[PDB]
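This is what each chain is made of:
Protein chains: 2
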Amino acid sequence: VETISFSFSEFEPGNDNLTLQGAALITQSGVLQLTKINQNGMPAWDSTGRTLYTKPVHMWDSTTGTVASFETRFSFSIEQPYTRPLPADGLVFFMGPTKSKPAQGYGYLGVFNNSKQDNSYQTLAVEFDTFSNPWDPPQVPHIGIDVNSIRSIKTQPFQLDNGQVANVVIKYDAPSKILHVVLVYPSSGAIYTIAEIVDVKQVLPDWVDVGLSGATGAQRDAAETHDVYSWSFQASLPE
Amino acid sequence: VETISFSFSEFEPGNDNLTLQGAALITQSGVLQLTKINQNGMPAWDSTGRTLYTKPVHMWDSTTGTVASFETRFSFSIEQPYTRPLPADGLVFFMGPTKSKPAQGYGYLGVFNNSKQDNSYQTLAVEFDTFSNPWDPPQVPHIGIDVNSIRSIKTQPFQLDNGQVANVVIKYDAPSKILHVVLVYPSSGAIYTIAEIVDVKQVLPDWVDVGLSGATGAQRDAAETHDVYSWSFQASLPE
Ligand SMILES: OC[C@H]1O[C@@H](O[C@H]2[C@H](O)[C@@H](O)[C@H](O)O[C@@H]2CO)[C@H](O)[C@@H](O)[C@H]1O
Ligand SMILES: OC[C@H]1O[C@@H](O[C@H]2[C@H](O)[C@@H](O)[C@H](O)O[C@@H]2CO)[C@H](O)[C@@H](O)[C@H]1O
Ligand SMILES: [Ca+2]
Ligand SMILES: [Ca+2]
Ligand SMILES: [Mn+2]
Ligand SMILES: [Mn+2]
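Those sequence lines, one after another, are chains A and B. Residue numbers are given in this note's numbering: position 128 of the first sequence equals residue 128, and the series is strictly consecutive. Residue numbers are given in this note's numbering: position 238 of the second sequence equals residue 238, and the series is strictly consecutive.
Don't read these hints as lab results, they were simulated from the structure. Take the hints with a grain of salt, since some may be wrong.
Since the list gives no way to pick one copy over another, a pair counts as held whenever it fits inside one copy or between any two copies.
[Stated by the list, open to error] Taking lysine-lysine and the DSBU-like style, the derived pairs with C-alpha atoms no more than 35 Å apart in a straight line are:
no. : residue 1 : residue 2
1   : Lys116    : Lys177
2   : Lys116    : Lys55
3   : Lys177    : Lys201
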């Protein structure tokens with residue numbers, strides 16, 4: 001079995017294993033701030049940032065046809081401090097082509113280029129979306145499973161517990177092709193679950209980069225924080 | 001759509017909507033004790049008890065072929081107070097033939113008759129198993145998805161947080177045939193997830209009873225509590 005595994009119980013400036021893109025940065029206190037936090041401690045609009053683990057992950061073997069199973073967990077918080085306008089845009093875990101650069105911001109969350117499905121994206125993503133765009137369900141926030149498109153194949157509304165830490169667990173089982181996602185807020189005890197069938201050998205390239213991305217909005221104060229406190233990942237490809 | 005829904009935020013002696021079988025009883029404090037708690041407050045061995053909701057649930061239409069999706073949530077605690085012998089046997093959520101009576105106890109958890117697969121059981125169950133029997137994986141406790149057999153098609157180990165309350169969420173989506181299960185311990189923050197493909201039209205009868213069952217062991221003090229604090233359920237069958 002070809003395996004890869006990492007675990008950041010907190011982040012540290014200078015860590016060898018993370019690529020930082022766009023606005024993303026790691027604080028001395030150990031927090032990955034995906035989108036810009038201004039001097040006043042307030043989140044900035046028009047910001048997009050991502051992090052990628054530095055080593056690619058082998059998701060399927062082009063010779064034998066084996067396919068990997070994987071699990072990722074992370075803790076994040078989103079604080080929406082402005083009474084108006086509406087907050088935006090969200091954060092997302094994503095897997096796709098290696099040597100990956102940020103895509104479009106705002107509702108595309110730094111991962112996609114427009115709102116059409118395009119199998120060439122070869123990207124699978126799990127979003128926590130805070131702004132209802134023309135292609136979105138009305139309930140925000142919502143968890144979304146995105147396969148080669150920002151228009152989720154399936155969503156599940158969740159109530160934001162403003163500024164509180166959410167724990168996320170995402171598992172993909174190759175034999176069953178089931179991607180299952182869980183969101184828990186220790187603060188309120190709320191638990192959300194969503195699952196869908198995903199054929200990763202069809203969707204993803206055989207090797208991928210894995211990362212997290214966040215975006216704030218297209219007008220003044222359509223913003224919120226996208227802070228991440230820990231992140232772990234494990235994948236196993238049968239041989 | 002033909003729907004059925006119930007929610008017990010706590011239990012109350014005399015409630016119209018619950019059938020109590022075997023050792024199960026509801027306390028004045030609002031707790032469903034599935035297995036017997038002795039005068040001294042200690043759990044009794046050789047005990048089996050179940051509860052069933054009083055109305056049957058329509059899981060699939062024998063005429064049109066539609067199939068129901070459903071969700072159930074409940075909170076329970078298991079306290080293993082004896083240093084020896086090993087604790088046993090576990091508790092379980094189950095769906096199967098109506099007019100259902102308790103089956104065999106101990107490792108069969110009040111739901112099955114022996115350890116062989118038998119499609120005639122027409123039963124789907126999600127177990128939280130505390131004793132490793134001859135047909136079980138070694139890690140206990142474990143979550144198990146049981147389809148017509150006490151020998152789970154898939155299991156996931158979990159650490160007991162002794163005497164603490166666990167929150168369970170189980171969802172079945174007919175279109176994808178995915179049964180997904182989540183266990184969370186607010187006390188420790190632990191989160192467990194397990195999912196598998198289940199064809200309910202093949203497994204279950206068109207109408208079922210839904211219930212919870214618990215069992216303690218076959219020798220003195222191979223026992224633990226199986227207390228339930230709340231339970232909700234919702235099913236929708238397309239028309
Ligand atoms: O309000 C945040 C929201 O903005 C959308 O873009 C708007 C923009 O804010 C508005 O000033 C302009 O007139 O229209 C744009 C839409 O065409 C983003 O698309 C959305 O994702 C959020 O960021
Ligand atoms: O120890 C609890 C455990 O007991 C198993 O049954 C045992 C029994 O405890 C022992 O005294 C007897 O000699 O052998 C039995 C097994 O053949 C139950 O099967 C198991 O589910 C637990 O309840
Ligand atoms: Ca959106
Ligand atoms: Ca067992
Ligand atoms: Mn969305
Ligand atoms: Mn078992």
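Structure-based check of each hint:
1. When the C-alpha separation of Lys116 and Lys177 is checked against a cutoff of 35 Å, the pair qualifies both within a copy, at 24 Å, and between copies, at 28 Å.
2. In the homo-oligomer, the alpha carbons of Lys116 and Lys55 lie at most 35 Å apart inside one protomer (29 Å), although the nearest pairing across protomers, at 46 Å, exceeds that limit.
3. Taking the closest pair of Cα atoms, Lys177 and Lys201 come within 35 Å of each other both inside a single copy (10 Å) and across two copies (20 Å).
Checked against the numbered hints listed earlier, the structure breaks none of them; every hint is satisfied.
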